[PDB]
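Next up is one chain by itself, shown in structure tokens, the form deposited without this ligand.
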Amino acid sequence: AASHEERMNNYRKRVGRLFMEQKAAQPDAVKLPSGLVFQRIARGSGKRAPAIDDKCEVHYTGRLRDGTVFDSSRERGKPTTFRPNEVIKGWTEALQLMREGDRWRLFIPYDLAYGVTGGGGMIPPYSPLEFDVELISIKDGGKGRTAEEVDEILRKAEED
């Protein structure tokens, strides 16, 4: 029907918004001004976050709001190499706030993920994404923010 696409995407935006809001409501979840939400799973001992162009070794799992896994380095049995500028916006932001050994759960609203069109395959329009992201190591140990810089950004975010 004529208004079918609109109504379906209205449904998608509603349950997607429900997902994001419930995840943000978790007391230890932190919401950044961009809309990115994260939860720390483990605190790493690394001294530096990656710069935007640093190659990172990452173990991750990506799930939809209903738990469906759409991508996972663990199913492949080895980490994947990423630069923060190669991946979706939510990842780009998060990686630059992570140090070696950090493991975070990310809740990424659609506009920082695959947006209105979706990934074109198993990620439909207006999908928030959940990732479990472990930053294993960084080429040359990392050339981005210092741990102290990262922690101060996070501390202020928490307080706002």
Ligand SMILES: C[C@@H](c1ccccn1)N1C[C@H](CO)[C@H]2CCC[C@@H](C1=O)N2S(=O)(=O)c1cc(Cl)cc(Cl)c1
Second form
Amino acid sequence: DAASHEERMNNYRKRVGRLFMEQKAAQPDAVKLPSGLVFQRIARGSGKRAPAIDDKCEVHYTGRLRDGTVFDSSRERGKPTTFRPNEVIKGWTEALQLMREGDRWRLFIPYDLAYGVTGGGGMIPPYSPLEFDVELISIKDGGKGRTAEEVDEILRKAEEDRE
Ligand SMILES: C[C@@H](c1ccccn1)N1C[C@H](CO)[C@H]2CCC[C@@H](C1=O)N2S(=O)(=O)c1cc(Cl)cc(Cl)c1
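Mind pulling up the form solved in complex with this ligand next to the form deposited without this ligand we just looked at?
Let's see the whole complex now, leading with the same chain.
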């Protein structure tokens, strides 16, 4: 019945999403944080501060589903896409606060740090991990969050803690 089929499909989505996240975490240069957020660095920026929770950030991004299909991007929006960490999904909240201006990272966000069991916007199904290419162009008024030194402490610990 439709209700048992819904349960089966959500168990399927949960299982294959977990597989995706384990594969991305296993990449030789991927870094996994305690929350389950995984990232690969693409470029290192020259900025010296990360944004605070409420700093306005201009981000150039592309979002992909776990099959690789692009579902959103700055390019499609036309105008500059700006966000505060406290406005966005938890995986972005966490990543932005560990990025400085000019950083470009590939994020692999487990479903519980994205849209969870609900999904979103009619194109992100329940239980989806998400992949993003994120470049932090600028933080309005410079950045009031972590210093580069503090960011480096956190990210070095996560590299060193790799299982
Ligand atoms: C602000 C927040 C949000 C979510 C749901 C309702 C209202 N606001 N939000 C959306 C922004 C786009 O404004 C975008 C980029 C930042 C991360 C994430 C995000 O946290 N997504 S997204 O790429 O995952 C995404 C999700 C959906 Cl539902 C649809 C699309 Cl087209 C793209």
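Residues that one form lacks are left out of the comparison. Numbering follows the first chain given and starts at 1. By rigid core we mean the largest C-alpha set that fits within 1.5 Å across both forms.
With both forms fitted on the core, how large is the C-alpha shift of residue 77 between these two forms in Å? Displacement of the C-alpha, rigid core superposed: 4.1 Å.
Superpose the two forms on the rigid core, then give the C-alpha shift of residue 67 between these two forms in Å. Displacement of the C-alpha, rigid core superposed: 1.2 Å.
Determine the segments between these two forms made of three or more consecutive residues whose Cα atoms all move at least 2 Å, using the rigid core for the superposition and only residues common to both forms. Only this run moves by 2 Å or more: 74 to 79.
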